[PDB]
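Next up is one chain by itself, shown in structure tokens, the form deposited without 3-(2-hydroxyphenyl)benzene-1,2-diol (WBP).
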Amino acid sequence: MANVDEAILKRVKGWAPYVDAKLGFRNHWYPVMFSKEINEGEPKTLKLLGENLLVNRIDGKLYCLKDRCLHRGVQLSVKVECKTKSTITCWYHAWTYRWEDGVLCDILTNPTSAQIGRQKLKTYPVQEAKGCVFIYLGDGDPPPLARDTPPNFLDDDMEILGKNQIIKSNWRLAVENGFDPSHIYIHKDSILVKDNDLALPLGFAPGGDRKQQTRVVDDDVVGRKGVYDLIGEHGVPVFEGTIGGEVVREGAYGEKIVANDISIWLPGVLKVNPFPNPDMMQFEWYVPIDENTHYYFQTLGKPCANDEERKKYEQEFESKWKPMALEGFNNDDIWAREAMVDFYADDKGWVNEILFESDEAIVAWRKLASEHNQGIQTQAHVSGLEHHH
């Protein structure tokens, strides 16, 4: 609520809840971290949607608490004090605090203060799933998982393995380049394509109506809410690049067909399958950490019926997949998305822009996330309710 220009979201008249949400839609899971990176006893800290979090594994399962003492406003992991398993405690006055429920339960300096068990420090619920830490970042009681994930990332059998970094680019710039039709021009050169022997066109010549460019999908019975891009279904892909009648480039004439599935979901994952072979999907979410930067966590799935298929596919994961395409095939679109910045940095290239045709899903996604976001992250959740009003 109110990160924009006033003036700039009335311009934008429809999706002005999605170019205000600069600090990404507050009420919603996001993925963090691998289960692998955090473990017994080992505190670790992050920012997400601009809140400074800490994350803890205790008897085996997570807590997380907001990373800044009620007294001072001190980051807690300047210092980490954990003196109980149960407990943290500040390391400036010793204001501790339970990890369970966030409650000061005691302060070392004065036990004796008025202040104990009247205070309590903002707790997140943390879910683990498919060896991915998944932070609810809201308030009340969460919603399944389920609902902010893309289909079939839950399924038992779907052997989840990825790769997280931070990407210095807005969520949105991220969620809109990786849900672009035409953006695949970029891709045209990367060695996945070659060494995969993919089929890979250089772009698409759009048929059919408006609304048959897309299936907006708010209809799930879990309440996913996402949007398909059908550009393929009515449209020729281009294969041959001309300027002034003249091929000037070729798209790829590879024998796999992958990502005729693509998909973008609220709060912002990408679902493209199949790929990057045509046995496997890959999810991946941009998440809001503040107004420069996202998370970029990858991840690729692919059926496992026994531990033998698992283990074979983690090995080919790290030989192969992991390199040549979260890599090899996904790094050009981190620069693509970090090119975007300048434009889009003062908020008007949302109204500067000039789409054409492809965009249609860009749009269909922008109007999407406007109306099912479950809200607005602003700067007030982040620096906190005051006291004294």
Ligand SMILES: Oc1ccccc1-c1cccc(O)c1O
Given for the second form:
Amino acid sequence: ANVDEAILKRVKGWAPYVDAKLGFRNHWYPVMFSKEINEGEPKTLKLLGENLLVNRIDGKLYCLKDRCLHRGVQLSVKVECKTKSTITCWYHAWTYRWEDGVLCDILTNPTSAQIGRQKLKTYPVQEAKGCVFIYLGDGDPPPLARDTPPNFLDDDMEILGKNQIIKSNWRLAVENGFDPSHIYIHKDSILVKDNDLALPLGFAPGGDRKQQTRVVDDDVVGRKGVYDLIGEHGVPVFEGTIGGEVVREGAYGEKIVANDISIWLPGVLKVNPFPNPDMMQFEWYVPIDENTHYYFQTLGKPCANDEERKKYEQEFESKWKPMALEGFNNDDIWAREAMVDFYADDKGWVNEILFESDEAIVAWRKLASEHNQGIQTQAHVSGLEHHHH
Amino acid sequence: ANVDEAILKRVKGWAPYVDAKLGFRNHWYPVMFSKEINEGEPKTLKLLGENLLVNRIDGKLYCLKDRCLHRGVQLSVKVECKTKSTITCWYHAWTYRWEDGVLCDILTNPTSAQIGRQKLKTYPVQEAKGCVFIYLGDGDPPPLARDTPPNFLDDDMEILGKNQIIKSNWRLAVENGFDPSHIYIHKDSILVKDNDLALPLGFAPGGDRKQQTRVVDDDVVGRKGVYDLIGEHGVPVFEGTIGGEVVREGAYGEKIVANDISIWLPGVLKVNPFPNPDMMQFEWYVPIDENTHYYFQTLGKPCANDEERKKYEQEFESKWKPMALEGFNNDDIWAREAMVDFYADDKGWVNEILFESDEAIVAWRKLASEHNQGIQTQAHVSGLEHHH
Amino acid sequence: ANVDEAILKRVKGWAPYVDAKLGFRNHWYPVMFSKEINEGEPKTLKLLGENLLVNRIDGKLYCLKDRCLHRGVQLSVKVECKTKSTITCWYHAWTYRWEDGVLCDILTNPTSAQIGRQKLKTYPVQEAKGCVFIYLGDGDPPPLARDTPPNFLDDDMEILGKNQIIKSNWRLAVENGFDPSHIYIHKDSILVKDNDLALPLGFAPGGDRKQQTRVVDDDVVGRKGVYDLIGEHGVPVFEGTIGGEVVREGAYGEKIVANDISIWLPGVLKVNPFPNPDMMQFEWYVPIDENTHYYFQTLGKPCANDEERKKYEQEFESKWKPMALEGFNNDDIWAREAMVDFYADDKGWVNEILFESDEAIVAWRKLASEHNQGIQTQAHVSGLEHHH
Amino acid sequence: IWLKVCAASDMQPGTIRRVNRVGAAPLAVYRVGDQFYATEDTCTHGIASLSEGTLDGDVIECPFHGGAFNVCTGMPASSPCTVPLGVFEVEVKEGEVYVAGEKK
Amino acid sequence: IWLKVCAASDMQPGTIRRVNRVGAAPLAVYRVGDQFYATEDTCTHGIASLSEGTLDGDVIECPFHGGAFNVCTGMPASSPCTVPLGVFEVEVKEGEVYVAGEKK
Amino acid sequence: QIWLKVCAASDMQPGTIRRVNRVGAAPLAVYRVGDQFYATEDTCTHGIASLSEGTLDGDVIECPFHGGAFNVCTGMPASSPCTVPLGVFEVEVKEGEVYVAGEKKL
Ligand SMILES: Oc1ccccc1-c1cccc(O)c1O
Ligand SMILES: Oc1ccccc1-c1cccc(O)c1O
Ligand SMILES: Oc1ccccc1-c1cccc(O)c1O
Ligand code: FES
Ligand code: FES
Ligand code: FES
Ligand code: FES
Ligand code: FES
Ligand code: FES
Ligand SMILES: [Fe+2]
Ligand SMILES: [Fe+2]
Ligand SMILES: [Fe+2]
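Switch from the form deposited without 3-(2-hydroxyphenyl)benzene-1,2-diol (WBP) to the form solved in complex with 3-(2-hydroxyphenyl)benzene-1,2-diol (WBP) and print that structure.
Starting with the chain above, the whole complex follows.
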């Protein structure tokens, strides 16, 4: 749909993934935190190329497509919510219910044949761990857990985070996140010295190809993902050499981090433990359009009561957010941006020269290709196109 | 020519109109006021995607294409008018007559065989009612009357106005202006309160489809237009309800305006009377390029003497320009801009969901499709293409 | 490969040249001055659409493609020169030798099978007359002399200059430079009055077509170029007329300049003598991408020792750079920019209306088409393509 | 209940007839070979008259946007149409076409 | 008036011969099979010699930009040519090609 | 050691590929082209793909990752994006037993 046929024909291992430039339809995606959307104050966002409106009504979230059925304007240009349960387009006053998108009234013509006979697209919305997830897809949604990493939804796991818009395709963010050798870019991070981390420069892999990963398609809640097992048989690199001379050392701190790293459809990394031995990182790379993603960062720490939660929140604000989410992951942001040009014409998918640790990235590309729930197309964005046969 | 053939095949009601992204060739268009161009001060503009130069010589307007025949530079990068009747390209001094575009001299080679053997495109220009009209077309122009709404050219009609560039395709401007139900966007206008207008939220149509409009296929001067008759058998809506609860009211003023609304090729709206019972509005949406139009606004008032004209000019500047041309029509500008994304890939022309008051727009699209005098193409802009 | 095939079939005289939007591969191009690249300070540039890194090591220049073989990032986003002879990609620490581009180490995986089995693209670099030339081509380079105008490499010719990025295609710069009639744009240059130049407005050509130029393809060092001989049978124009009346005159100064003008592959102009009777100008228009070029200006004056070299440098900084390289050639920059729109869709190569002095430009188009050493394509930039 | 439309011989195969009802929305009657079918005249995607469209077998194409419906089931056959038409029962009696005055 | 150009047999079919004229623009003589036609040599769009172009039937293609003319009527056949060519009557008498002194 | 036993010639159909795994060394690929046998390194020189998992078209192997390709007789690239030649290993049949060299040709 999205890429030159001649390129898809070349990438036989993962053509659906290379075609998925706008992301995978029929998955849940986090787009904001619960505390960013207040009762009766609709908010705009773009998800998989689609302009959406989210509102909170009697504390519950509702999602309508931000595009009037009539002349295709964004309702959000001038929001008229004239009754608790409805939104009225500012142009000709086509009025929609938040609950089912049904065109229930038209103030410019209360006798119109369109009334009761059209409906604006709605998407399911669910709040978990103070994060707002939208099911960008069709029909009754699967359970959220299918599209979250293991432990994210644990009862005791306290989730805090940060979200922002990044100028790369979502797939560059996923691959960079799951890339076992990219750890090299983190060698001078403030987190490394200031939280006393052990952090190698890379890995000499060992064992066969199949031993480099654990492909999960046997998970009981339907989760689909890959574990990076490079370090199970691999020798970590702590002295990098050129011409046999040591030019760089890894970090010889006491804190062991990033024991288990896993990537999950639709594009969420779990790093455990990280950025401290008693915490976890869960981060999404959410497709906004072909050029941009939400970098939706979360940190999890099991907490037993309000005392532990408030102390966790204080350390999040004073240490983990500045030192890890920014001080560590900022280098990931510009690493993603640096790949844009090579992949922007889709020729990077052909011309890339991979080495051994990219086996993790290949395993993800195959998993994603085989288990995604649909390819988003420009026609999903504009309006689906089909001719009688 | 201009749109995906797969889209033009789908819009059988009005394919030429949907194709007409750059506007209709072989019509008159207003582009500026007479007062904006002075003797021997050439002025640049873009019209139907073409760069043009207009000059005033011995009081009379002349229009040349702002593109040298030789290497395609704009003459206007560095104007050299070295005699009253000519302009000299700054690059190799190819010299053209304003009056007929003829390449009459080349200062860099006075023996060139090109001299007297090439012609820079000219377009007719006419001033009427203080407004500068360019015929963006080929061959002998029709009367200006053909391309102006009824009464604009009446002897006693005093025209004052304002012009600006707006970031939407011209068609989004036309359809918004002729849209009977778009009156909703004006419900909070300062004009409605401060000029005590009656303004419903919309109309519940009555009678049949054919009664909703009146198409004019010809008159004395060959005008082509549609009147909006939704109010003839329609019920004005003054109470807006959701689930039977009243959430909004129309404006219950005494002044009845906008009794007749008509749209004319090549894209000029007449609202009579407006914004006051003794006045009319005539507004053009002039294609500059695919993305942009002139919003050329005029208010007309019959005036018998210089005292009436002077008083009208005072009321225009103190009241009608700020309260109506700005205070009312400013909401039209951002409504036009809000439709850009949906039509920008040309897919809105398929995916729109029309309702009853859009019969007006449909009648305009068909009239425009049937009676336009030509489709402007990118090839008119770069140079017409034909292989034998 | 770069232009609509329907346009290329129309320009039978010079299709390769019209296709060469990114410039000609397998030639030497100047990109900076020697003084601008210091020991162990790598410098980024774009040449024929390719991102390049230049570094100076033990005083020698080396050029590597600024694109890691692995995931196609620019090394230059974060340079890591860890040893004197190497650069390490910041991403996964693939390590390349400046001298041959061999992937000689990977810090993130010292056991990788890729080590010693890949090679980053390198290009020949050489410094001559304080100028850095890169051979943007494949295999053993030809002598630099082949891609330089006569006398640029003379023992005693002291070269000083200036370089900047200009927003036009390189060909518009070349044709403007070699255009005999474009001298018209220079008629008010501060150089003309302040250096007492004789400068006509243009030329009335004489004699036949072959006499308007000298096509050079017999030069023993293999250089390929064209001399403008319009002045050998032509009458210079000092009195510019419209309708037989004098509206502008040339300059009647005593200093005779531009006796010989030649354009050479890959796109370097020689004007002699200029801007003074004891000096020469050599200027390159170096393709950066489809839209931009280096304007690489040099002035040569014979100098016998350090004292003359020093007084020339002081004259250059106080007179020739501001009065000539800027005061004369600034008009060339905006002339080049003025042709962008006409040629940007490639249609100006069909629609241009040439006159007699353009014989020189046509001679260059045909020379360039016949004797260029290859057409740079977008596939040279992204990675060459071939199916078995 | 039943409206008299036309003599069945009055319609060639592959043709469409608009049925105006006073005080009600218009209907469309389609002759597909020897069978007759009836729907709403108004396209569900807008305000087009399907009677002004093109019939291709049992599929009516809307003249506004090229949306289409099956004239037997009233189900959409081409984008942008998504809302099914009202189908009206047709009956031929003594070579004369009758349309049910309400939908099925 | 009439200018004796060449022996008919001096031109192979589908060829063009430039006729230089002191104090006047050159002409192009076209042999189209066994017929002869004449125009101005100079393309009306530029400085191209039509005698250096490509004859396709009775249409000369300019070598510069692919503009073209009907050599019988002189009218443009292909963009970017817009100004008609001067046509000169030609007469073949006793295997000798004569071209009119001035265009019709 | 010098000659590595692969399989019986008869254990391979024309147009097929067999991977030969080696202790302490990178895998080889053996190709049957009609009645003839050839061997290269199994790892694509453009990346980490196995050529034994590709498609053989006469004497040209097509890599399954990116559609690059090699001549199996010469090891020379046949399709972009491949640029680095494969190591070629001599193959011999002795008692109808396929043998591949332990060391590539120089
Ligand atoms: O994946 C990792 C491996 C080793 C150390 C840190 C990381 C890591 C931590 C947080 C977010 C990410 O995207 C990471 O790759
Ligand atoms: O079209 C109208 C209908 C009722 C009241 C005002 C208007 C009107 C007047 C001037 C310009 C416009 O765009 C209008 O809608
Ligand atoms: O080419 C020229 C002819 C007459 C006078 C000046 C020049 C000239 C001088 C320096 C740089 C150029 O590109 C010129 O055309
Ligand atoms: S565009 Fe929303 S009601 Fe018309
Ligand atoms: S571009 Fe105008 S005279 Fe040359
Ligand atoms: S992109 Fe350079 S080492 Fe990976
Ligand atoms: S109105 Fe029928 S397809 Fe749109
Ligand atoms: S010079 Fe003949 S087509 Fe342009
Ligand atoms: S890995 Fe074989 S073609 Fe890229
Ligand atoms: Fe990272
Ligand atoms: Fe309005
Ligand atoms: Fe110049």
